[PDB]
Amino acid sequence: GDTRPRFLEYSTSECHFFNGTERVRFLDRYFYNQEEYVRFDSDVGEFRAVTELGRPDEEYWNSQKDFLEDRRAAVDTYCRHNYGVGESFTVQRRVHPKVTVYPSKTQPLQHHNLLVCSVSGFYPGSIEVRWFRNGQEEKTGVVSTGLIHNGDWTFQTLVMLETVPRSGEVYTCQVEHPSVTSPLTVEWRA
């Protein structure tokens, strides 16, 4: 097969926003293969070499006054600007979750089955999914897969409850998400 050596030049320009746009930390990072060699941190004000490989770029880019000025102004001209361009469909993007409650197996009562609470196709990632025995919060025996990116601007979570059912059982899944005013519930019967 293809065994030829590979060489990668990778770069990231990061804008980290805190308390809206009140605090902005800007990072311009350069990578050769997996190794970071040089970076510009808005908290330091200039370019600094991460490894010895980044030393020529550190002294050269800091000497280039127009390029250094562009980086020192990035917090407002680049970071804060792009935040504003996206804001409406980015920070203000709201998609309500589809909540489905189903048992993992069709096993009989008094034995065991895993109760699945599927929370799919929602945005943002902030979600609180809770399980209830009848009306009392069940904290023990809860198996969650955590937050999952679908890569199409939607998330999904599979929260499972370890269940030993008997005759008259009413398990309920409560989901609270910024897109919904009222926390939507889904009831399941044996």
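Between two forms, the rigid core is defined as the largest C-alpha subset superposing within 1.5 Å. Positions refer to the first chain, counted from 1. Compared with the form deposited in another entry:
Only one entry in 72, 80, 98, 112 has its C-alpha moved by 2 angstroms or more between these two forms when the rigid core is superposed, and that entry is 112.
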Contents of the next structure:
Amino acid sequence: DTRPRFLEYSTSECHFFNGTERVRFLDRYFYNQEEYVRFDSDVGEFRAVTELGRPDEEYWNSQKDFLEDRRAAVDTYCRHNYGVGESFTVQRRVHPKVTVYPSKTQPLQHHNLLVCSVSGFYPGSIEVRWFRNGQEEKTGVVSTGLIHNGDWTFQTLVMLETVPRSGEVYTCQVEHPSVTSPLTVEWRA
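What would the structure be for the form deposited in another entry, given that what you showed me was the form deposited in one PDB entry?
Since only the chain itself is given, any partners or molecules it might have are not part of what comes next.
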């Protein structure tokens, strides 16, 4: 479709610090690719981001009931909504699946790779550590980082550069809020 498009987009954002001790509320407006005006609860009034938003800064700051609604949002909206879904969002805990498999370097390098795949977990914060004969490996540890699956789950692949010897025991160890004890998967050459 070659037809020109026109987009109006808004985000009302609630940023939470130390539970709900401090809340920062942002009411943002975008026309096409441009953020033109916003209300920041720290500021206390609307402010134009660009020239395009100057008429709204002037007009919305003069709308008494609207500005007070925005000023009350941290409690009536942010803190309210935080509490509504708290049990299944903030307190959501989904335990990981830990899979260990060797992988060949392409083309062959001096080392091969040992993959620790940690999947299907929630929240995103995780600790994945490689061990060789009960000693942590800091060198040769490569990760593509935290991958969001878009379905309230995350995954991560943590690789260890290895020179695999006859009787070496490799251990991937996972710590995550969903589990009280470190999870381990052993691999032998």
